[PDB]
Each structure stands twice: as structure tokens, then as C-alpha cells.
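Given as C-alpha cells, the chain that follows is alone and in the form solved without this ligand.
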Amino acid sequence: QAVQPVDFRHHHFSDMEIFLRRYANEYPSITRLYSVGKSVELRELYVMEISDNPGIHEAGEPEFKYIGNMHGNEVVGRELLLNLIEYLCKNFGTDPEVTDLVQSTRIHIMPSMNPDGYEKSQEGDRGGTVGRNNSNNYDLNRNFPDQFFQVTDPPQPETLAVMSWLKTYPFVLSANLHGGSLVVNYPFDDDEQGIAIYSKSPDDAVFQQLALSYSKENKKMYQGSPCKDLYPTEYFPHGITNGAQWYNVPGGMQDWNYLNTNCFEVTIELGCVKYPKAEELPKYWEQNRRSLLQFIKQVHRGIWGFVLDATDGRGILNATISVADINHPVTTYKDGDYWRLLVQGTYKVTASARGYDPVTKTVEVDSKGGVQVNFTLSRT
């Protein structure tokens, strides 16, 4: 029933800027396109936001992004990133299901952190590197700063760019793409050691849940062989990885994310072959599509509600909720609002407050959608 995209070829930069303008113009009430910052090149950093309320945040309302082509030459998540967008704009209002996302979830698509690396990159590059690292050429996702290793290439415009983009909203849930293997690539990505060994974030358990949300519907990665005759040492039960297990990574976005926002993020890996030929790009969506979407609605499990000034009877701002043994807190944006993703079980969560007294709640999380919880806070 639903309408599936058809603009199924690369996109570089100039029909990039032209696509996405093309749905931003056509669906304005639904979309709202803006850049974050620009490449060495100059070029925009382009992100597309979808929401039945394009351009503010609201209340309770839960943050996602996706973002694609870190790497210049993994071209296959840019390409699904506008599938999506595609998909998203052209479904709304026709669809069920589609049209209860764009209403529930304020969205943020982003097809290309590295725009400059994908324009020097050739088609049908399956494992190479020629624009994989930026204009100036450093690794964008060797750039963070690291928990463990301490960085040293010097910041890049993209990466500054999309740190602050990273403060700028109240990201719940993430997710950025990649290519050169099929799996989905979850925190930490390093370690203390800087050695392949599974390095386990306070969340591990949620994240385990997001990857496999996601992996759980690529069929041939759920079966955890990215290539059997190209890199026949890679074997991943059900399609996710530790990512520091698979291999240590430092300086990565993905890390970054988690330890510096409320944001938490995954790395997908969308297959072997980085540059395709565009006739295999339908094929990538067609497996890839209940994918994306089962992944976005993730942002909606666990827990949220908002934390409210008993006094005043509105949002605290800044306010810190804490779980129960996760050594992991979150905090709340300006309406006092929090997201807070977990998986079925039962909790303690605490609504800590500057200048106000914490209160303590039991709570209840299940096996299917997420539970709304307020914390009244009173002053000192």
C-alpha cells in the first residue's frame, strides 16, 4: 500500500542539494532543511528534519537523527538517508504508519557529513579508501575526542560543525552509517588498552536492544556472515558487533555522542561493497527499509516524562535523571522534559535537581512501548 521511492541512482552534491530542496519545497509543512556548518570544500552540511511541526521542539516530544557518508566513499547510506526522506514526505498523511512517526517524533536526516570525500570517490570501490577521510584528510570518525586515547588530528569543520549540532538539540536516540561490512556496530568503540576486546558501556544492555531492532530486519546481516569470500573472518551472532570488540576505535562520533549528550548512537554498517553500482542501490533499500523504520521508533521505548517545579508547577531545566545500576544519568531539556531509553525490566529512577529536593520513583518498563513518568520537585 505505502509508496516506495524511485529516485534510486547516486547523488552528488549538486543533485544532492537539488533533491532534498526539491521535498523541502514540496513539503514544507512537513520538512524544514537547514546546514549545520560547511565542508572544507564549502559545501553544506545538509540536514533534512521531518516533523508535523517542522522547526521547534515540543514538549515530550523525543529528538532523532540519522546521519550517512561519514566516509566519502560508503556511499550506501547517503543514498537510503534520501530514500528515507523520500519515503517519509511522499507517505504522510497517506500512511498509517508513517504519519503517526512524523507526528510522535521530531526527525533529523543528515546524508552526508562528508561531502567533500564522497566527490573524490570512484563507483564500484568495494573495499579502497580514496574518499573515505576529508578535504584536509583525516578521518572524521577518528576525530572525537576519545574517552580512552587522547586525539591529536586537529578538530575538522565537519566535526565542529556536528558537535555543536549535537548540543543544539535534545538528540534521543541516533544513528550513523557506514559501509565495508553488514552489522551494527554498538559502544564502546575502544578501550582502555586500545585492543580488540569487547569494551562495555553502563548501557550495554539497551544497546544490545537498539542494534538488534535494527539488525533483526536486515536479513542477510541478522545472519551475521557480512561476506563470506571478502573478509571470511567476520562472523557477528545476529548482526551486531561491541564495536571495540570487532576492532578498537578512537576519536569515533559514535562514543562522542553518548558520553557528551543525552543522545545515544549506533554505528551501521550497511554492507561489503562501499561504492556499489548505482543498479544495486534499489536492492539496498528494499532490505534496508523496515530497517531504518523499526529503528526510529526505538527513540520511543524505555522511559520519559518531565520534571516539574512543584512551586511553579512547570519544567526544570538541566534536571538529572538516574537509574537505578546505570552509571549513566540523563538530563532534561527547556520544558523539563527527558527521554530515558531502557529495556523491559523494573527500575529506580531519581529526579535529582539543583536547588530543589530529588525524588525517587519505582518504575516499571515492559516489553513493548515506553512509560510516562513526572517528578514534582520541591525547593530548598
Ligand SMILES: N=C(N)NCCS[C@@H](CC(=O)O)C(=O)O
Contents of the next structure:
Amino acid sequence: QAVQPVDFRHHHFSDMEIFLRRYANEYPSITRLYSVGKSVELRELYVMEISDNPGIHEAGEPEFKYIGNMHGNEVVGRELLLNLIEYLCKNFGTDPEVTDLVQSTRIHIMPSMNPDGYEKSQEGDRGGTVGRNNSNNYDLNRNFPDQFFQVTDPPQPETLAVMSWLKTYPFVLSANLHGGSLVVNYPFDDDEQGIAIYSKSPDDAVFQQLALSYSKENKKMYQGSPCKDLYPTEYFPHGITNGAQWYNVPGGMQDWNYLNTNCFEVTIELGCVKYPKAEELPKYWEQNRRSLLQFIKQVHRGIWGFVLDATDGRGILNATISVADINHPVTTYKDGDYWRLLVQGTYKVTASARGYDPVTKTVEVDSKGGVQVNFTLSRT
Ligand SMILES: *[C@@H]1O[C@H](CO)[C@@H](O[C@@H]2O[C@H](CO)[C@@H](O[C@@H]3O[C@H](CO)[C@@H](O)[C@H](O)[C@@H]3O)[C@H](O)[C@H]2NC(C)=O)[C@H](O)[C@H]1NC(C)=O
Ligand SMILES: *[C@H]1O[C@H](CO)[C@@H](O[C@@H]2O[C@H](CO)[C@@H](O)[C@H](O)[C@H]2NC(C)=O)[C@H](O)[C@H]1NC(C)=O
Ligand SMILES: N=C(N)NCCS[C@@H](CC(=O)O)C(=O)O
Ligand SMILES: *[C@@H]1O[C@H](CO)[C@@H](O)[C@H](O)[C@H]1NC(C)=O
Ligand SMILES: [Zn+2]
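Just the form solved without this ligand so far, so send over the form deposited with this ligand bound.
The complete assembly is shown below, putting the previous chain first.
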């Protein structure tokens, strides 16, 4: 009964800009179109914010984000996110799922992180590299500071704009879209040895559940065989894979997220054909709609709440949330609010902060959703 997208076709920059503006102009109450910077060839890195309170962070409200077309010729992601912009705007108010989603989450959608590369891409290209890098011929997904390999390529304008953007909002969950395979890729993307081996992150548990939440809804992806005749060597149990194990990739945007912010980012491969003919687009939406939707909901799982000041009674900014045996702490935002993605289990969470006395609580996360837990810390 929900309204499906109708605008199925490839959108070159000009038309994407026209497209985005259309929704921002037609649904001003639940949208906010903004730019986070420009590409080498001066194209806007547009982001579409969608929520019932566009332009403001609401205390306790999770910041989510989708990013596509980081590699110019991997187009499916770009179109799906445009399809998603449409689906969300057109269904808000009439569709209970979309309404409830847009009201409880602040969704940021960037259709193309490499618009210059896109323009240099050839429709029909299945596995080529023309249009992949940015205007200066650098791989944006090799451009981020890496925890193991020492990155040499000069930081590009698209990379910088995005790093800034990631520092701007309290992003909790994220996913950047690619093409060239069919699987959801999770951290870490590389290892100290720089080879194809499993590279576990402190949050390996959640990442597998987060990745599975998407692949499970994409029937063909879940089957585990991206394209038996094109890349016969590829087999991903249940449609997910640790980055490094598939193959070593240093300088990725995915790991940079986890290691430099509170955001947990996953990389999604939407299909073996990088730049399919426009006639195939509607099928990709049909096969990923439920996935795109279910993934966003994962942002509401785990634990969340506030770290307040016993005297003031108001949130503490930049407080820390440490969990049982997971060496990856999370920080609080301006209203002392935090979100910590965790798998079903029991944890010993500890809120702490400069100038206050730490509190520890035994929290319990279930298989269904998120539990609210606040921490009131006394001063020192
Ligand atoms: C897209 O941009 C990336 C850079 O971000 C290009 O990859 C880089 O390609 C150069 C040339 O192949 C590589 O340098 C060479 O490395 C080998 C291996 O050590 C060395 O023997 C050569 O003397 C030379 O230094 C470089 O390693 C590689 N960098 C990365 C991050 O992969 C890529 O070629 C670009 N794509 C296209 C189609 O131009
Ligand atoms: C823990 O702290 C939060 C932050 O104040 C509490 O949320 C407030 O709840 C009261 C009463 O329900 C409201 O008047 C405030 O507007 C809420 N603040 C928000 C959501 O911004 C929360 O109820 C407290 N207790 C827990 C653990 O839920
Ligand atoms: N960590 C690994 N091995 N893969 C993650 C997907 S990014 C990869 C594939 C893509 O470009 O789509 C790339 O950087 O080229
Ligand atoms: C925020 O907290 C971190 C520790 O988690 C600290 O290193 C950093 O300096 C703090 N930022 C501020 C408020 O200066
Ligand atoms: Zn890619």
C-alpha cells in the first residue's frame, strides 16, 4: 500500500540536483537539502536530511546516514538513495512505517560522494574502472588515514568535506554503497600484515548482526553467490564478509568512521554489474528496498540515554560510555545523549567524564530493541 518510486533512470548531476531540489521544495517540513563541500570539478556534495525536524539535532534522537557513488562508476547506490529520498518523502504521513521512521531518526542521505567520477563513467560498464577515481585520479576509498598502512595519496576535497561532515553530526550507524559484488562488508578492511585474512574489530559481534540485517532482506545476496560466472571464486556465507578477509583495503572510509568517530559504518555491494543499463534499475530497488529500510532501524538497537550532572541535572558533553569487554568507547553529544549499538546480551556499562565521578550499571539488551539507560554523575 506504500507508494513506490516511479522515477527509475540514471540521474546525471544536473538532473540529480533538479531531483533533490524538487523534494526539498515539495516537502520543506521534513527535508533539508544542504552541501557539505564541492568536488574537484566544483560539483556540490549534496546531502538530503530527512526527519520531522529538519536542521536540528534533537536530544536522544539518533543520527543515521547513507552514502553512495564514492566510486564514480558504481552507480546503483546513487540511484537507490534517490529512490529512497522519494519513497520517504512521498510516504511520510500516510505510511505508518515511514512516518514512524522519519519521526524517530534524523536521516542524512548523500547520493554521490564522487559526482565528477560519475560523469566520466560509461553506462553498461560491468567491471571497469573508468570514472572510479576522482577528478585528480585518486581512489577516494584509499584516501582516508589508515590505522595500519600509512596513506600517501594527497587528501582530496571530497574526502576532506566528508571527514568534516562526519565530525559535524553525532552519526551512530552508517553505510556507504558500492558495486562490483553482492555482499555487505564490515570492519576491519585491512590488517597489519596487509593480506587477505580475518581482521576482527572490538565490535565484530554487532557488525555481523548489522551486516546481516541488510543481506538477509536481499534474497540473492543472502544466498552468498554474487555472480557465479563473473567472479566464480566469490562465496559469502549469508551475504556478509569481513573486509580484510575478502581482501586487504587500506585507507577506506568505512574503518575511518569507526576509528575516528562514534559512527559504525558498513560497506554494501549492491551487485556485480557496476553500471547496469537504466532498464535494470527498478529491479535493484525492488531487491533492496526492504534491506535499506531494515538497516536504518538497526540504529535503534543496543543502549541509549543520557549522562547527566547530579547538580545541574543537565547532560554532560563529551562524556564516555565504556562497555564490559569491548575496547571501543563511545562519547556523548551536546545534550549529554549517547547511543551504543550492542548485540543481545548483558553488559557492565560505565559512564565517566572529566571532572566527575564514574558510574557503572549492569544493563541488559534483548533480541528486539534498544534499552534506555541514563547515568547521573556527581562532580569531583
Ligand atoms: C586510482 O587512484 C589510485 C590511487 O589512489 C591508483 O592506484 C595507485 O596506482 C599506482 C600506479 O599503479 C601505484 O603505484 C605503483 O605501486 C607499485 C606497487 O608498489 C610500484 O611497483 C610502482 O612503482 C608504483 O609506485 C599505487 O600503489 C596505487 N595506489 C593505491 C592506493 O592503490 C589507481 O591506479 C587509479 N586508477 C586508475 C585507473 O588510474
Ligand atoms: C533519564 O534522563 C532522560 C533525559 O532527561 C529522561 O528523559 C526526560 O524524561 C522526562 C520525563 O519523562 C521528560 O520531561 C524530558 O523531556 C525527557 N528528556 C528528553 C527525552 O529529552 C529519562 O526519562 C530519564 N530516565 C530514563 C532512564 O529514561
Ligand atoms: N575491504 C574490502 N576488501 N572490500 C570492501 C569494499 S571496498 C572495495 C570494492 C569497491 O570498490 O566496491 C574497494 O575499495 O574497491
Ligand atoms: C573529549 O573527550 C576525550 C576523551 O574521551 C578527550 O581526549 C578530549 O580532549 C575531549 N574534548 C574536549 C572537551 O576537549
Ligand atoms: Zn567501490
